[PDB]
Structure formats: structure tokens, C-alpha cells
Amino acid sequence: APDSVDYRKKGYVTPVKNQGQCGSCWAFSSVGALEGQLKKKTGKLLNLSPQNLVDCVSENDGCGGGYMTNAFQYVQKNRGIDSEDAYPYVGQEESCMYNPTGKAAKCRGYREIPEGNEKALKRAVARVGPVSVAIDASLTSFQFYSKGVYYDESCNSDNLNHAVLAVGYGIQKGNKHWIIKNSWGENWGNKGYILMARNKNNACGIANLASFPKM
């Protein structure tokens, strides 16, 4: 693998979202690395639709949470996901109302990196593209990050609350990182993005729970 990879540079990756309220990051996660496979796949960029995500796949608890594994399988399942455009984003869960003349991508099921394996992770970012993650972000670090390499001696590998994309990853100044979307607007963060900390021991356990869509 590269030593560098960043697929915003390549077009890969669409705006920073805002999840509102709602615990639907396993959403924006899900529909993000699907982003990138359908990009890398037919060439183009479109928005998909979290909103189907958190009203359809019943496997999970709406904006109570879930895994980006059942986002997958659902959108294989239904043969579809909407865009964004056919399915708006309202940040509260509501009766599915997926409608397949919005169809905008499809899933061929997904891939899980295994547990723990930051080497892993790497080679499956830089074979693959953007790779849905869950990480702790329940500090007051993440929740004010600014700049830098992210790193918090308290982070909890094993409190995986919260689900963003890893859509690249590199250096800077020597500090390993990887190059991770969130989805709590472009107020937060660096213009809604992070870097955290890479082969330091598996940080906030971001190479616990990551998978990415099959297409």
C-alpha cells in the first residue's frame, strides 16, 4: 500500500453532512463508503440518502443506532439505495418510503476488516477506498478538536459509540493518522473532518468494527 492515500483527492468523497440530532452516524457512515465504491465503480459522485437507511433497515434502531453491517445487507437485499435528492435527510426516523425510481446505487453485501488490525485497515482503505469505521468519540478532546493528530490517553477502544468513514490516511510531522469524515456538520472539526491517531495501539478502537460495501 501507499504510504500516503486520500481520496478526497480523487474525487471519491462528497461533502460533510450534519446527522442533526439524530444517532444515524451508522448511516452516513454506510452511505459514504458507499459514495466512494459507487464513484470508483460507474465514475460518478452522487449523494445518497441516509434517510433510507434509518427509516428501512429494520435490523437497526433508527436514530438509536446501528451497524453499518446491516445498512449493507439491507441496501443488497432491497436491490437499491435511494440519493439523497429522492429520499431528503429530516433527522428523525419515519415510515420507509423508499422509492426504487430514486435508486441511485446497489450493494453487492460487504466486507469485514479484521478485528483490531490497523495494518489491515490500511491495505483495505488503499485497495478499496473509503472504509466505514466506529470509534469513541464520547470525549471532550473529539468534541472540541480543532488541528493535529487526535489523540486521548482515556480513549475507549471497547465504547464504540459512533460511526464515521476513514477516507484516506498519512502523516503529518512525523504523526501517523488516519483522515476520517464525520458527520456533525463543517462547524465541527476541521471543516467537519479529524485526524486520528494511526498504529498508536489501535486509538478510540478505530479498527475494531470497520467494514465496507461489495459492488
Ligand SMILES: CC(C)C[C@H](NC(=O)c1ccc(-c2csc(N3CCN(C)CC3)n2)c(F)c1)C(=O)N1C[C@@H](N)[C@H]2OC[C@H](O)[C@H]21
Second form
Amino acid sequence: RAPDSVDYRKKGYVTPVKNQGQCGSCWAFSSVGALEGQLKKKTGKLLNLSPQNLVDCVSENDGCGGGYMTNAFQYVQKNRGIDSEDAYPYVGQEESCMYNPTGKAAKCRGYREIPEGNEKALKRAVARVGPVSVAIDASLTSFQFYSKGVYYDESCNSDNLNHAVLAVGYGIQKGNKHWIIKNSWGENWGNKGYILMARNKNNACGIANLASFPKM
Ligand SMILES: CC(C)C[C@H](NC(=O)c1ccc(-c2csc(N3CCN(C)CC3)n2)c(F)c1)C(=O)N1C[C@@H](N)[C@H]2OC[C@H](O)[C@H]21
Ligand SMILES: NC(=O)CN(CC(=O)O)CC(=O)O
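Next up, can you give the form deposited with this ligand bound of this protein, since the form deposited without this ligand came first?
Now the complete complex, all chains and molecules, led by this one.
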């Protein structure tokens, strides 16, 4: 039976919360979080991978003007690697590609998409695989103003995805089922950079509409 709750933060699969700053790089933070999870599972090592590597080098994406996580995973597979943050640090602006194979810290052998809208399939992937990259509607002030408890707003638009984040678990709080979401807006946002978002409530904020994970 799939567990009632999963929390990758408790098992050492999740790096500290980052700040994307004034750059449309949410997709790169989402991507590296899912890669970091699979790298720890596979090799036993938790380390920061380079979102700047993805911003500068994923030519199917638009760098600081936005991207998709599936394009990030495809790049790491075709490039035969991604650098560590230490080798290729985040500066929050586009520059020409500085990928160096000597800084290589992970590889990718493809990716898988969660069937669109299917919150049970997303739950099974989080339980069996690890942290999963997800897209949400994060446009409401209620989301901006989150501090505690399970986030639900009937005005969230499941059809208008505009933010990429990382699902690092799920569970239930005082009878409210939730997703555990890592954001890239710094530790001073939300609950130390995290938000619990309503689970099995009409696919709230589109959480299962564009979910994916890398294969290693
Ligand atoms: C998973 C999704 C929802 C994430 C979303 N993704 C896109 O919005 C997106 C935008 C652009 C392209 C693209 C790829 S190639 C190209 N262009 C090439 C030629 N030039 C001429 C035009 C642009 N554009 C893309 F793939 C995707 C995103 O990153 N966003 C949404 C924005 N609100 C930003 O805020 C949060 C995040 O920091 C940014
Ligand atoms: N059945 C379990 O141990 C599930 N765990 C979480 C996990 O395994 O990620 C529950 C908890 O830590 O409260």
C-alpha cells in the first residue's frame, strides 16, 4: 500500500531553499531539485547542482525568460552531464554557456511525464521515485501571503500554469490532504521557503497538469 505520508526533507534528499532573484528561472530550480533527489538516491551524495548551467545552456528554453523542466532533463541527457553549483555558480542573469565536463556532478538517461490531471499517479511517483517537478498557478496574493496550514483558494486556475516548483512529499494535516512544495523564493517566503498545497481537491492550482521527473 502507498504510504499515507512521504517527506523527502526527513530522509536527506532535499538541498536548502534557494532564491531565483529577478530571473524567470523557476523551471531551472524545479529541474535541479528533481535531479538532486535522483542523484542522492542513486549515488548516496546530496549536492547542489547548477541552475545557471540550465539557464545558460538549454537552447529550447528562454533562459531568464522562462522554460520547461522536460527541456532541462533532455539537455542533461544530450549534453551527457550537468555541473555542480560550486563549479558553475548562480548569478541570476543569462550569460553564454560555460558548461565544463570537469565540473560534471550528475547525468540523466531520460524523463517521464505524470498523466495530465492524475493526482493518484503523482502520489505514486513521489512515493516510488522521489521529488517530482511540478507546475502551478502561483499568481494569487493568497499564495504570496502563505505562512502556515494547507493552502486552498477556490480562485486558483488549474488551466493557467505560471510557476515551476518541486513536490518533495505529501501527507495529511488535521484531515486536510496536502502536497509538500519547495519554492525558489528564499527561506523568508512562506514557511521557511515551503508551502503545503491542497491534495485531491479538484487538482487545486493545476499541481498534476505538468509534472515530470528525470531517470538516472
Ligand atoms: C513550467 C512552466 C509553467 C514554467 C514557465 N515557463 C514559461 O513560461 C516558458 C516561457 C518561455 C518558453 C520559451 C522557450 S523558447 C522561447 N523563446 C525562444 C525564442 N524567443 C524569440 C521567444 C521565446 N520561450 C518556455 F519554454 C516556457 C516559467 O519558466 N515561468 C513562468 C513565468 N511567469 C516566470 O515566473 C516563474 C518562472 O520563473 C517563469
Ligand atoms: N510510513 C512511513 O514511515 C512514512 N513516513 C515518511 C516517509 O517515509 O517519507 C512518515 C513519517 O515520517 O511520519
